[PDB]
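Since the structure of chain A is already known, use the hints to place chains B, C, D, E, F and G on it.
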Amino acid sequence: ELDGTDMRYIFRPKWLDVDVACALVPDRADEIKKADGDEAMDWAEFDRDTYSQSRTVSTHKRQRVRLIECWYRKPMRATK
Amino acid sequence: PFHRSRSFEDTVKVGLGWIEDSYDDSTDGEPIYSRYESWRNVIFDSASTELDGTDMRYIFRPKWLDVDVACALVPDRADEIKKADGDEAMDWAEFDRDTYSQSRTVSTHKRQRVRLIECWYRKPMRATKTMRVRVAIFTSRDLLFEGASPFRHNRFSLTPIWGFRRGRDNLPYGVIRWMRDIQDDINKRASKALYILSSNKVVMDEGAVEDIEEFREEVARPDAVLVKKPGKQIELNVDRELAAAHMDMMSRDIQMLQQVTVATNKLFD
Amino acid sequence: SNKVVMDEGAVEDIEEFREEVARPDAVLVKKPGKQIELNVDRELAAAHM
Amino acid sequence: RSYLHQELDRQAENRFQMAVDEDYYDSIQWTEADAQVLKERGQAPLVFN
Amino acid sequence: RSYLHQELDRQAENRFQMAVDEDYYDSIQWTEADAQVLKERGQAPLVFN
Amino acid sequence: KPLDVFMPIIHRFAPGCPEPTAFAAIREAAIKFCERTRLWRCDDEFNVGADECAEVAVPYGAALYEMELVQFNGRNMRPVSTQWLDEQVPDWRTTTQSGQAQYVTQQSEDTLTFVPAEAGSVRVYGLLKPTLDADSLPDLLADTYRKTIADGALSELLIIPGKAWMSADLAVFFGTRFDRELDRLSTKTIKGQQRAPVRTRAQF
Amino acid sequence: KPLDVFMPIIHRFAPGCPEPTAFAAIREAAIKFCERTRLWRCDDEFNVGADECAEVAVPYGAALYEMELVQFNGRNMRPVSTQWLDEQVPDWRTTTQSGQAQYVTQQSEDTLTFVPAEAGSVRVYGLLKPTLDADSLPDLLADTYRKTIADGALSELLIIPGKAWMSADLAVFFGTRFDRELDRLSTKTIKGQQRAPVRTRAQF
Numbered sequence: 197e198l199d200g201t202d203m204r205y206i207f208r209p210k211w212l213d214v215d216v217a218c219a220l221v222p223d224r225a226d227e228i229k230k231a245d246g247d248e249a250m251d252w253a254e255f256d257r258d259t260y261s262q263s264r265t266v267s268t269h270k271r272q273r274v275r276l277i278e279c280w281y282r283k284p285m286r287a288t289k
Numbered sequence: 148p149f150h151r152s153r154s155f156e157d158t159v160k161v162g163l164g165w166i167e168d169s170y171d172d173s174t175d176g177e178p179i180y181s182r183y184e185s186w187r188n189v190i191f192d193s194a195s196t197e198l199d200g201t202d203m204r205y206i207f208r209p210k211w212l213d214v215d216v217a218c219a220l221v222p223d224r225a226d227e228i229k230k231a245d246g247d248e249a250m251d252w253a254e255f256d257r258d259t260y261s262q263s264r265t266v267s268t269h270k271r272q273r274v275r276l277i278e279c280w281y282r283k284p285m286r287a288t289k323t324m325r326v327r328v329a330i331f332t333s334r335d336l337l338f339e340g341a342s343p344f345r346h347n348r349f350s351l352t353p354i355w356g357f358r359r360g361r362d363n364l365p366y367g368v369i370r371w372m373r374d375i376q377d378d379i380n381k382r383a384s385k386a387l388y389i390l391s392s393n394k395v396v397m398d399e400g401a402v403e404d405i406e407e408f409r410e411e412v413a414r415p416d417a418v419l420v421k422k423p424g425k426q427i428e429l430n431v432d433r434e435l436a437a438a439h440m441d442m443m444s445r446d447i448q449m450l451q452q453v481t482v483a484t485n486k487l488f489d
Numbered sequence: 392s393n394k395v396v397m398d399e400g401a402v403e404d405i406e407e408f409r410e411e412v413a414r415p416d417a418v419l420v421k422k423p424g425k426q427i428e429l430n431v432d433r434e435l436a437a438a439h440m
Numbered sequence: 050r051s052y053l054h055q056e057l058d059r060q061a062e063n064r065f066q067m068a069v070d071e072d073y074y075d076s077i078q079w080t081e082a083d084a085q086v087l088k089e090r091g092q093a094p095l096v097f098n
Numbered sequence: 050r051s052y053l054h055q056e057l058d059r060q061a062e063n064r065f066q067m068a069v070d071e072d073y074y075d076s077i078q079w080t081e082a083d084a085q086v087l088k089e090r091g092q093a094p095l096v097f098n
Numbered sequence: 002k003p004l005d006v007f008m009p010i011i012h013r014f015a016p017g018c019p020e021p022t023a024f025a026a027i028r029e030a031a032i033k034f035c036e037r038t039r040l041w042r043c044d045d046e047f048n049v050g051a052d053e054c055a056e057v058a059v060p061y062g063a064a065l066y067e068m069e070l071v072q073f074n075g076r077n078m079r080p081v082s083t084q085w086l087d088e089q090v091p092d093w094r095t096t097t098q099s100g101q102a103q104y105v106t107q108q109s110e111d112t113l114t115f116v117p118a119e120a121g122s123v124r125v126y127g128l129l130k131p132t133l134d135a136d137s138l139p140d141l142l143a144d145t146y147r148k149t150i151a152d153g154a155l156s157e158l159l160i161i162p163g164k165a166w167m168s169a170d171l172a173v174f175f176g177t178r179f180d181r182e183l184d185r186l187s188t189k190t191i192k193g194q195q196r197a198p199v200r201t202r203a204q205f
Numbered sequence: 002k003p004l005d006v007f008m009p010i011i012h013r014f015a016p017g018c019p020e021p022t023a024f025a026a027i028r029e030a031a032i033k034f035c036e037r038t039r040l041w042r043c044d045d046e047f048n049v050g051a052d053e054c055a056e057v058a059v060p061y062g063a064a065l066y067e068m069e070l071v072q073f074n075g076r077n078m079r080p081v082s083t084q085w086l087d088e089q090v091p092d093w094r095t096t097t098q099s100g101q102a103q104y105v106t107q108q109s110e111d112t113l114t115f116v117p118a119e120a121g122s123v124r125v126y127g128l129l130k131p132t133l134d135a136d137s138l139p140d141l142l143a144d145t146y147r148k149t150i151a152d153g154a155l156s157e158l159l160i161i162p163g164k165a166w167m168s169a170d171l172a173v174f175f176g177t178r179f180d181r182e183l184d185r186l187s188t189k190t191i192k193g194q195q196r197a198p199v200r201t202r203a204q205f
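Here the protein sequences line up with chains A, B, C, D, E, F and G, keeping their order.
Quick note on numbering: the first sequence equals residues 197 to 231, 245 to 289 in PDB author numbering.
Quick note on numbering: the second sequence equals residues 148 to 231, 245 to 289, 323 to 453, 481 to 489 in PDB author numbering.
Quick note on numbering: the third sequence equals residues 392 to 440 in PDB author numbering.
Quick note on numbering: the fourth sequence equals residues 50 to 98 in PDB author numbering.
Quick note on numbering: the fifth sequence equals residues 50 to 98 in PDB author numbering.
Quick note on numbering: the sixth sequence equals residues 2 to 205 in PDB author numbering.
Quick note on numbering: the seventh sequence equals residues 2 to 205 in PDB author numbering.
Same shape as in the complex, but just chain A:
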């Protein structure tokens, strides 16, 4: 479709800090705390995480988790 209605689903993998991801969705913070992707976004995130080829990473480290928002379409067959 030129309109794009035939698009059944869209996926939005977002890379978020543990603090902000925990803040955005409540009542399920434990799953976020205990918590695929293509080369682009994972490459950017892992380049950020790597810092350099060899570094002495301290105990304090930014913890980033991935949340995926999926918008999907399902027919309903309303009798009307």
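Hint data in this document are derived by calculation from the structure and do not stem from the laboratory.
Careful: at least some of the hints might be erroneous.
[Said to hold, decoys possible] Taking beta-carbon pairs under 8 Å as the criterion, some of the chain A residues facing chain E (in silico): (1) 205; (2) 213; (3) 216; (4) 247; (5) 280; (6) 284.
Where is the CB? At the ideal position from N, CA and C, for every residue including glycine.
Same frame as chain A, but now just chains B, C, D, E, F and G:
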């Protein structure tokens, strides 16, 4: 207007494009829908000679739909949809989508796609007091629904935007063809010229070089040191004016593409 | 394609010569005292254009 | 189904031609065999489009 | 998750092509192998962009 | 077929030469003739399988000079050099995976190697060359082209020093005639007796 | 295989040469032949480890002329000159670090050195050259190309002074024939008997 623009864009690239204007019942607010169908997904009767398309006896519209959508589309016959040809174009698109990768470990959950073919055919009637259009939707092994066209107008919803139409076989072709073969010739000329620039052709006296393998490897290298025998002549750079000749040929082909508004007027009409 | 006018014994193997003359990368070997004249007629291309 | 088969096999030549035309539109202009020939040359295929 | 995997691996080629295009935009146009070849040549790679 | 048809010309130009020497010169001259003319052809078939560098089987009084082409289970097979495989197709020798044959390499003097090893019939259509010790020369060398081989052999004999045969003038003259005749017949592979045209392959 | 098959040609041109001197001349002419033609080939497998400048193993009556291709534990290796390493790779000699072997350098006559040292199997694919004292020449030289090496040996034998065998004209003639035949066979490495074409590498 976007649908019409895309349709004419396809009529430029390929032989024809299809725009359909029909009336559909659903929770969609607009009753009269006008949407584009690609040249790939439409099969039309080729026996027609009329410009209007009246002589077109039947139109086939193979569509690829998900099982949930297809079952939701037509009720009372979901079992046949669950249990359930085509040209290489749309089949290739669908099979490329299904293939994912060359070697892939597909999980249990796989989206299932079925092919539904919508057929509109015309049959003579000759009422006592003539051509009545009937819609026909059929899967590979059965037909989902058979009935007459509810619309008063006695023509198929799909209207073909024609283009250059071949005289002998009465089948459309796009603007491309002549530009296509001159283009592939241009590509051949450019590749040949670049090769001739890169690699030297060597004709030599039979005893020119002591080591022929190192010679063969290091003719092209700009830094190579070549060792040759005293009186056995080596002729490097044998044919390189061919480079200029092929470049001129490519330029001439470009000029011929330029030669081949008023000329395009038939597509606009 | 090249046209070749040559002495009789210009090339030892005439089959490899025949195949590889047109090749822009080919290594061609010829006997010393026998001349090779590749590109016998090529202004004809400009004439035909 | 018989009519659809006849339409498909009758149109196959021109449908394939139109497919190749749409393919040459988006800078895909090299035949697989000739692309392999260029690859053996060590030359990267190019399309001027 | 299965749908996301299918959509990711189905578009892997185009995703790589778009990544390469964006990479070409901001003046990185050299393959690592060709950059190494130029380095052995003693030549500093350059992009005209 | 026997060399007794060649030898009378040697008698005429080299008087009373011993038969084994003249026969050896006939063999060497015919070897050079086949190296230049490449007119002798025979067809050989054998079975090759399981990474075996099989040798071409040839008639007893012949050696495989040059392979016109190789057919592998009905496939027109493409000969390439060993370096070409080393530079395009790596792990050429280390790999043991079987497959349908695509390239021919002659690593040894008479052994053929296909880049995919496969157990199937191999047909080699190749030129032949007389061996250094052959009692009977082939029909083409003997019946119709006896004079050219005779001239080459006469050059060889007249070179011999300290004998009544020795004559430098005739040696040089017959060497020149032998070279010119080989040189004329060089194209007979492509042309044949049928006047097949010789046309350069066109590359676009 | 023995040189007594080479002997009849020499005793046909040089009547009474001693067999040891003729043997030495044949071996030296075959050395020159294999230096120009480069046909003779062999493979060997041996283990190299712990900074060991291992030596190649070859058939006893032969010497390693040249290394066509060197493979370390299944890797097609890139040969480099020692000065090339001194330029591109500093501390080649000083370092002792082990790593995946990537270039070969031959410091000595027959010892190959890898700039990354490792303990792994080494396969050497090298052209061969007959030694100065080899009782038996390989089959390809004697059986198929007897005449050319015979020509070279006969040139060397006719060079010898103060003897009935001395003849400058025939010596020059045989030397020129040997040179021409070597020159024609120079391309056999790339070509072979399979008619593999010789094509220049293109650099882009």
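Under 8 Å, Cβ to Cβ, is where residue 216(A) needs to be relative to chain E, so tell me if that hint holds or is violated.
Interface hint status for residue 216(A): violated (22 Å vs cutoff 8 Å).
Given residue 247(A) was flagged as interface, is its beta-carbon under 8 Å from a beta-carbon of chain E?
Status holds, d = 5 Å.
Please verify that hint: residue 284(A), Cβ, nearest Cβ of chain E, below 8 Å or not.
Violated, because the Cβ-Cβ distance from residue 284(A) to chain E comes to roughly 16 Å (cut-off 8 Å).
Holds or violated: is the Cβ of residue 280(A) closer than 8 Å to a Cβ in chain E?
This hint is violated: residue 280(A) lies away from chain E, its Cβ roughly 12 Å from the closest one there, beyond 8 Å.
Does the CB of residue 213(A) sit less than 8 Å away from some CB of chain E?
violated (22 Å)
Restraint: residue 205(A) near chain E, CB-CB cut 8 Å. Satisfied or not?
holds (6 Å)
Hint violations for this structure: numbers 2, 3, 5 and 6, all remaining hints satisfied.
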